[PDB]
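**Q** Residues per chain are reported as follows:
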Amino acid sequence: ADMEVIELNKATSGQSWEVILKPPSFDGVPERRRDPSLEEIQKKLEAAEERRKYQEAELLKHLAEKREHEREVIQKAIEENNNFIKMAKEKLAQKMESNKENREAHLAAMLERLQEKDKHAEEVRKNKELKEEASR
Amino acid sequence: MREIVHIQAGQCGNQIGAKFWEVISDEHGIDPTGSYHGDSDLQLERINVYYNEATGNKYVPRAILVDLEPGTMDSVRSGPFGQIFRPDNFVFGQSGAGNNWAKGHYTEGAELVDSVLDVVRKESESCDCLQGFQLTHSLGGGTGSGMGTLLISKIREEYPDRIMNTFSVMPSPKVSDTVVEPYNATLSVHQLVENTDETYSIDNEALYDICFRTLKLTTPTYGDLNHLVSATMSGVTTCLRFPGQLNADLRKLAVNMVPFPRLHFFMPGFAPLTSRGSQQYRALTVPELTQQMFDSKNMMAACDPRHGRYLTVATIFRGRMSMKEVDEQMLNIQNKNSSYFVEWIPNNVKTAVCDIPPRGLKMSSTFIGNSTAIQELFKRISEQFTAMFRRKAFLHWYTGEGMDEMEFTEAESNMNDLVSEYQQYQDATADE
Amino acid sequence: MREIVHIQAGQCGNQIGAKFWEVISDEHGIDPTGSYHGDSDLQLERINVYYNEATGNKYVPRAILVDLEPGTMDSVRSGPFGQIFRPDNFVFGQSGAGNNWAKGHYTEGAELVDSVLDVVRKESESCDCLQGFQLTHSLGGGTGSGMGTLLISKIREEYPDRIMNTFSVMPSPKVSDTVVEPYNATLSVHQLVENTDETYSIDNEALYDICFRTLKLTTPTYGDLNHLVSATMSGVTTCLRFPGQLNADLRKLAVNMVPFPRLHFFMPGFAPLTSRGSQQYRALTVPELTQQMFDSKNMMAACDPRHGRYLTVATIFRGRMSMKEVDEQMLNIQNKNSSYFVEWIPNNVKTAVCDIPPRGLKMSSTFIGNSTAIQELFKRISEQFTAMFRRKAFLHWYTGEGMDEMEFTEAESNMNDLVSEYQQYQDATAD
Amino acid sequence: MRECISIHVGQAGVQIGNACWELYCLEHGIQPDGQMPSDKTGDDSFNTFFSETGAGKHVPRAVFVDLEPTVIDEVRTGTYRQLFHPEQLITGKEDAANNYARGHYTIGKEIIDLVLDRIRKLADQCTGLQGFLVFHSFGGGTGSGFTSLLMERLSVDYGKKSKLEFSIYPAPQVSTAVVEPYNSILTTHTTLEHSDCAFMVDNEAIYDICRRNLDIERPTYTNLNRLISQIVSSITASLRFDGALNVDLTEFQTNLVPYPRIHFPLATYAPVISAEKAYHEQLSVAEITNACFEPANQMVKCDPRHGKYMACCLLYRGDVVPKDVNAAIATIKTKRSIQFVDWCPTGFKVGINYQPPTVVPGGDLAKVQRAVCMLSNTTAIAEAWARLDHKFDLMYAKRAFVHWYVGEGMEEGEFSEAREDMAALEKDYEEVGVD
Amino acid sequence: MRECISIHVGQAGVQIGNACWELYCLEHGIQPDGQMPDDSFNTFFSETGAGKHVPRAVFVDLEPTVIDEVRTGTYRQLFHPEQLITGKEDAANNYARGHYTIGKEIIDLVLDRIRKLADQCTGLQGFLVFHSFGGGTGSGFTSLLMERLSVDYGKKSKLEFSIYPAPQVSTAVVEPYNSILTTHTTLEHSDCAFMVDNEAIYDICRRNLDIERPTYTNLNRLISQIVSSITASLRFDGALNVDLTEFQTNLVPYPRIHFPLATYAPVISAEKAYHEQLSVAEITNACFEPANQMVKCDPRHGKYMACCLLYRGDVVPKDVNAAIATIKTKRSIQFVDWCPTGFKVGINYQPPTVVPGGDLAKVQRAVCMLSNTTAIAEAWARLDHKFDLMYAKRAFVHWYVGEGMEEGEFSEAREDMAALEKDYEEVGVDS
Ligand SMILES: Nc1nc2c(ncn2[C@@H]2O[C@H](COP(=O)(O)OP(=O)(O)OP(=O)(O)O)[C@@H](O)[C@H]2O)c(=O)[nH]1
Ligand SMILES: Nc1nc2c(ncn2[C@@H]2O[C@H](COP(=O)(O)OP(=O)(O)OP(=O)(O)O)[C@@H](O)[C@H]2O)c(=O)[nH]1
Ligand SMILES: Nc1nc2c(ncn2[C@@H]2O[C@H](COP(=O)(O)OP(=O)(O)OP(=O)(O)O)[C@@H](O)[C@H]2O)c(=O)[nH]1
Ligand SMILES: Nc1nc2c(ncn2[C@@H]2O[C@H](COP(=O)(O)OP(=O)(O)OP(=O)(O)O)[C@@H](O)[C@H]2O)c(=O)[nH]1
Ligand SMILES: [Mg+2]
Ligand SMILES: [Mg+2]
Ligand SMILES: [Mg+2]
Ligand SMILES: [Mg+2]
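Chains as they are written, first to last, in the entry's author numbering: chain E, 4 to 34, 41 to 145; chain B, 1 to 44, 47 to 360, 369 to 442; chain D, 1 to 44, 47 to 360, 369 to 441; chain A, 1 to 41, 45 to 438; chain C, 1 to 37, 46 to 439.
Errors might be hidden in some of the hints.
[Unchecked claim] For each label pair, taking beta carbons as the anchor points, the in silico distance ranges come out as:
#1 C:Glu434 to B:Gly279: 45 to 51 Å
#2 C:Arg308 to B:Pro289: 54 to 60 Å
#3 B:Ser128 to A:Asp127: 40 to 46 Å
[To be verified] Away from chain B, derived, C-beta distances all over 12 Å, residues of chain A:
#4 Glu27
#5 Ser38
#6 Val118
#7 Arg123
#8 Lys124
#9 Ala174
#10 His192
#11 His266
#12 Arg308
#13 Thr334
#14 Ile335
#15 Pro348
#16 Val371
#17 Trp407
#18 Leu428
#19 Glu429
[What the hints assert, rightly or not] The list that follows gives simulated cross-link-like pairs (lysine-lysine, BS3-like), each with its CA atoms no further than 25 Å apart:
#20 B:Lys218 to C:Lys338
#21 E:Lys109 to C:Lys96
#22 C:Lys112 to C:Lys96
#23 C:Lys326 to C:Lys280
#24 D:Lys124 to C:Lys96
#25 A:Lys280 to B:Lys326
#26 B:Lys402 to C:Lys336
Hints were generated in silico from the structure; no laboratory data involved. Note that the Cβ used here is the ideal one computed from N, Cα and C, for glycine as well.
With the hints as constraints, model all of the structure from the sequences given.
**A** Here it is as structure tokens:
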């Protein structure tokens, strides 16, 4: 049964007013940060850019570490093949020289044996010389 | 975020890659000569994502074809859409990797790598706004695997701000082409965990099982398995290829799918499952399409999604259907199966509807899930690797290339940690 | 490995050597003038092994003919194939050794030796690839024996890398009454043990026994005995003389036959046994050849192979026959008789088949065995030597030439060790 | 003269701007080429939103910004390409990829000086600039990140100049990113001290009004935006016509904002009637006023019964009379509580704008003789912050997706700061309600 | 461009090379003058300005006989004279002569010729070495060459085609010695060796091709066919290819365990005609049956560690995978536990070519399986036992010692064989 009507404004394409059903139970109206700074904003935007960039450079640092390891495995495979060649060359020369030595020694021993027989024979021949003519 | 640069490495990479290019060309109305002959402006709106426009009317795939073996390169040119590729974009060596990851990653692959980066820099510098890279390869061989991961690493160095996406095919004894696949896969996974943003885990075990069990093919061939791959590849790339709101670019997709950097291995799903020769078919309703999300039988990775929990899911519906029905069915699937969706990632299932169905079907559905159940795929590789490594079987082929046993131990350890991390999130509760 | 240089020393050496040259010339189609008149390219493929080619057409034996006695020379020139030999290759002394090994080895033989080396150096240096030497001689005489072994030693000194092969004929009281033969033989064996690579032990005791018992010849002559030698010599050299896979050269043969250096004395065997220039009609079957060639009655050394064990065996089949049959028969013989083959030398029996049979037979078989039973031949020479040496009988024949008793003692000891070594391998078990 | 500059950020902000400016042109009789039969003989209030050129052309006092060109390219090629000068349509090449840190820290830095230069140029043409109206999404990387960057700078360049918002509150039905609660809390924290009055538009509330009142099975952005524009028009009508209430921007803050941080008024609109339906009897002033007190008509999903009013404004449009309005307010107080806080009088500030409600010809909305928008500052709006804060907490406890923000140069500490500020805001609404 | 250099050592190596190169010419349509009216054949044949195709091969023998037949034969114009190398004197079935004494004289010459062939290679894969275990040249000279190739070419791939000795066709008693010495010496220098047991081939020729007494020509024609299957993946571009490196990687789990077993099917006689056409399943199944093996051993009592299937002719991947699926279901075919099973499949379009007038039938499809099974150790054990039997008595050792070799080399070689035997035993056990 009660309403307070307060006319506010009237214009060409409008009219306004306030309707009050009940006043505030509590009287005495209610019961802030500047500004910000363009510099403060820039400092924070720049800090975020340096973080993005730091981590991008870190990721690149590890990819570069993968690249160095790659050249390292290529180098290991190259090094092992070179050592395989060097081992084989020396084991083979050792084998060819030991067998030359041995084959020469056998032929020397067997020629010495035949030459010893030759010495014994002229000696046998010499003893017949003390028998033949040197009698009758 | 316009252009994507596509790379095909090794036999598997080129076979699956060729199939992708022929499938999407038909979807965008491009004939093998590169000319547009379609009848929908929707086919050309986002053509620039995968194709460059050459002299006049012609469209040329932004694809780089790579192998250490010259053979596959002839096999591609000779293929259905073989003449569509840029001739200068074919980079092939003269001596294959011999199914050795070490040869692809450190020896022969390393020798061919700079020639590949030259072709990719040429394509990349022509871009107005390069999204990133899409690589198709297998993890079981030497080139796709070893050289493929070497490429990713070299690309990551030159283009660190771009998205690295892969279609990585996982080996299986059921359809194996080398005895050393467990080694090549473990060494590759290790690289993928560190250097890719998103990887579609395409498991040959899952593909074989679908062909044998579901499609009733007694003796499946690579052609049968690749028919499922091409369907999947077409489905997962739909949102990038056509106008839409959801996962419209590689970065937006990564942001929705990847909650933790190392957990970027997706379990793809597809419905309906069909055989190359299955030219029937007259079927599949919206509830029928939706039910398949939890259907382990439709997973392109040999993991049971009911054995884990979804961190995130992207669902793509293709054909003329009610979006209302789609939304209702998608909500019902999430409420009825709340135990397989982590509670700590609210609204983790995103749905998209493309009016254009793929050729053959009037209606289809593609699922892209980041599920903790993918740990099953890694455990299977790990056990196979261990069975061999324990005995140092075939190890002299890798050490012969200059590798140390420590790299094997490291790759194994990293993969075991990845498994351990998935298990950690599977067990995590929203007790918060 | 093409050329072989052949040496003939003394009476026996020249008679057996002449017979060899006439037999092989007929096998290669060479007439007594040296001209080839055969009708098979197989006869000439390996003709360079024993012959030199001279002035067009003609083929000349790479043979050196030696004796301290001028007689045998005339006897050879006058023989069937006598005119085929190089005239300059005849080296003859004037004295003769008088059945004295010391005269042949240290005296008259030593004076003639350099003239022989002259002719052998000439033949050897003409060779593209010299295999080695083949010497025919007896061990019982003075020249073939003493000078023969002196030759081996001198040639070995100049050609140490070559194979030294001999056809050494062993003495027997049954054929020669010369009482000093065990001495000459023992002194020669001693030299052969140290200086040859391979020796074919041709025993006159075995030759006599075959002629008397098998051929029913009451009084066998050297012609009868030499007919078995020539058969054997033709058989054992077939693999050197014609294209083939097995023991095609002297070194390859030595490598297959000789497991221990000193054990290089072969027991040759032959089937069928025949008398001189006699027919014929009916040729042995493959099982007959396989059985007959392995019998004690078919051995050219007076030893029973069943009394020992084979270290190694080379078997040569000549004539048109099934290699399948030959292989089956050869396997059956070594499975049925496993106790006569040492278990510790696996696959020790090697077989060869030559399509060309020798003259007279349609089919033949030659056996070359390295058997521990050869110790029986050495024990027989040793017992004879001892019977004489114990009493110092005839020692002054040799001591007169400047020799000492010690050489006799040494030669004896060496031969007793050889016997003792064969016995050691006979008793050796695989386990 | 009292000019207002409108700023549209990201896809949501741009697409809503399209709907708003299309509607303003219909309301002021401006054709899409910027021509208006200025052949009047009058009310020149439209000049607060449209400047005039030497060709007799009317150009919106607005700037459209996006970190990607797709959406704005449709404006430069569309029906209204001649309405805007190319210089006022700003685009980058790569978007903020649904990442607040990307839009604020990374990409934003590239285009900020350019946007401020254009704003400065539009402000240079103002004889009595009131301030800014900023339209953006809480959810996207541009709407969230770029907006907070812009608001901070506008406070530097235009110290103590009014800044009002029209913010799109995220709904899962239409959501494109799992990280939308993160971007929402990060933007709210950053913008809080820089905004004078923000009018949140909950996409689920709009989606449900379109579904229920407009019989649209699956509502599209075009459907949502036409509806949002009707409310934006109701709020901006006394600035663009010779009105009496909310006559200047300062009056929004005075009439609705008792404390600087509690600046989020709830909007309620009626009637929303389907165009494609049977001829019905026109709704009275009582029927439309009653509808202001129905939660189903709200622009944000919350329950005013679980709160207290601190300020109320009723903005009527069309064939409306004070007697009918006062009688309508009288009958409501009889049957309802309508609880105001201790320190505020229980009442209403009422405005009648005689300019009839306008609808887009061929749209989903029915043209009505009379309509009303209620602007009320209620403590119930805190329920919307709580729903967002809970989703944030669920993900943040696991650090899910955080690596995306950290990768762009943001610190984990920023997520905590933002959340603590939200906790304070929630506590502020609780404290303000008390007595 | 992916070249492979073939080296043929001694008689066995040369004669197999003749059979191989004759067959390759038929397969690639190359006439015996090197003229021809794909492209991959260029890995095995270089081209001259006159349009002539010359094998990327060297033929070496210490004697000229065998290679002289090449220089006078049907394919005399196929090879340049410089790639056919011969000495004068063979190694006489003695490893020491092949390796040292005689070998040392021709080694630098052989390496110079291989250097010249390697100079014409833009992408050399490695070497294929064909030789016997038994001969003095095949054993000794090959070891010397292998060692020398490791010096000149380091780790560059070296694969062998080795003839494992059989008594039926054996020419020397010392073949087990030469086998063990060559295996010891070559072990660390070879990447993958494909052994061919002569008794297995002899029995396939007898039992399958109805040949009463098989000759080297018969054995060789069959061997060549297996060699052609192994090399076709390199000489043609088929459905599925495999290179030198891919062989090593799929067949060799440990460096010493490099001896795959080869099995070939089908081997059908030129008679019957009804005996086909055999299916992919029937031919695959035949690979796990012992009668078709190249080495006599029992896989049933061993474990597979790696399998490679080389198909040729009218063959399809679906037919092959279906056949492997059944092999995978067979409990009687055991794989080691440390293996994912592993099946390396190669498929080439060309049906197996036969020599006109040969013993083999024309087949529409054929397959060669390369399996690394622990059962191959049975072949080493058989050789090691024969070695032990002779070595316990030092039989024939004086032949090797005479050439400058020491008894220590024999012990080292045998100890290495004992270790290899132990290695196969260790690899077979589960962890
Ligand atoms: N689904 C499917 N899988 C394939 C296909 N080809 C190969 N694979 C798989 O990929 C692996 C072998 O990878 P490859 O591409 O063949 O090896 P590569 O890259 O060519 O390396 P190299 O041949 O050594 O130079 C195995 O795990 C196979 O299961 C294919 O066409 N389809
Ligand atoms: N089978 C065989 N034995 C013979 C022949 N001539 C001699 N003998 C034997 O050989 C030994 C005698 O050897 P000879 O050749 O005559 O002696 P030599 O070598 O000529 O030396 P001297 O006469 O002492 O100058 C005795 O055992 C005789 O039985 C023969 O033609 N055939
Ligand atoms: N009402 C309405 N909401 C929209 C519209 N477009 C996007 N949204 C909502 O806004 C949020 C997505 O943020 P957007 O404005 O599209 O993204 P953006 O500001 O362009 O930022 P980025 O694309 O990440 O650079 C989701 O909650 C959408 O549902 C639109 O036209 N109308
Ligand atoms: N399959 C086969 N085996 C052969 C052939 N020739 C010889 N052999 C075998 O190889 C071994 C003999 O070694 P060879 O190759 O003939 O001798 P070599 O390498 O010439 O060595 P030397 O002659 O001693 O210098 C025995 O096992 C023979 O059976 C052949 O053409 N084919
Ligand atoms: Mg390949
Ligand atoms: Mg006399
Ligand atoms: Mg956007
Ligand atoms: Mg030879």
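**Q** Confirm or reject each hint.
**A** Hints, verified against the model:
A C-beta distance of roughly 49 Å is found between C:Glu434 and B:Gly279, which places it inside the suggested range of 45 to 51 Å. Between C:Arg308 and B:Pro289 the Cβ separation comes to about 56 Å, which falls inside the hinted range of 54 to 60 Å. Between B:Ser128 and A:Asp127 the Cβ separation comes to about 41 Å, which falls inside the hinted range of 40 to 46 Å. The claim that A:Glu27 lies off the interface holds: its Cβ sits roughly 30 Å from the closest Cβ of chain B, which is beyond the 12 Å cut-off.
Its beta-carbon lying about 39 Å from the closest one in chain B, A:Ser38 satisfies the requirement of being farther than 12 Å from that chain. Every C-beta of chain B lies more than 12 Å from that of A:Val118, the closest at about 20 Å, which supports listing it as non-interface. The beta carbon of A:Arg123 sits about 28 Å from the closest Cβ of chain B, which is more than 12 Å, so the claim that it is off the interface holds. Chain B leaves A:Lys124 outside its interface by the beta-carbon criterion, the shortest separation being 28 Å against a cut-off of 12 Å.
The Cβ of A:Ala174 sits about 9 Å from the closest Cβ of chain B, inside the 12 Å cut-off, so the non-interface label is violated. Distance to chain B confirms A:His192 as a non-interface residue, since its nearest Cβ pair spans about 20 Å, more than 12 Å. No Cβ of chain B comes within 12 Å of the Cβ of A:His266; the nearest lies about 27 Å off, and the non-interface call holds. Listed as a non-interface residue, A:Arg308 keeps its Cβ farther than 12 Å from every Cβ of chain B; the least gap is roughly 26 Å.
Against chain B, the non-interface label of A:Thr334 holds: every CB pair exceeds 12 Å, the least being about 39 Å. Non-interface status of A:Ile335 relative to chain B is upheld: no Cβ of that chain comes within 12 Å, the nearest being about 36 Å off. Against the 12 Å criterion, A:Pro348 stays outside the reach of chain B, whose nearest CB is about 41 Å from its own CB. For A:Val371, the condition that its CB be more than 12 Å from all CB atoms of chain B holds, with the nearest at approximately 28 Å.
Distance check on A:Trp407: its Cβ comes as close as 6 Å (rounded) to a Cβ of chain B, failing to clear the 12 Å threshold; non-interface status is violated. Non-interface call for A:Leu428 relative to chain B: holds, since the shortest CB-CB distance, roughly 20 Å, exceeds 12 Å. Consistency note on A:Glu429: stated as away from chain B, and its beta-carbon is indeed over 12 Å from all of that chain's, at 17 Å minimum. The straight-line distance between the Cα atoms of B:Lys218 and C:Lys338 is roughly 22 Å, inside the 25 Å bound, and the hint therefore holds.
Of the pairs offered as hints, the one joining E:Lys109 and C:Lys96 holds, with about 21 Å between alpha carbons and a cut-off of 25 Å not exceeded. This hinted pair checks out: C:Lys112 and C:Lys96 have alpha carbons roughly 13 Å apart, not beyond 25 Å. With a CA separation close to 30 Å, the supplied pair C:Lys326 and C:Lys280 exceeds the 25 Å bound. With a C-alpha separation of about 21 Å, the suggested pairing of D:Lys124 with C:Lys96 holds against the 25 Å cut-off.
Proximity of A:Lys280 to B:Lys326 is assessed by CA-CA distance (about 22 Å); at most 25 Å being required, the pair is judged to hold. Simply put, B:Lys402 and C:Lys336 have alpha-carbon atoms about 24 Å apart, close enough for the 25 Å limit, and the pair holds.
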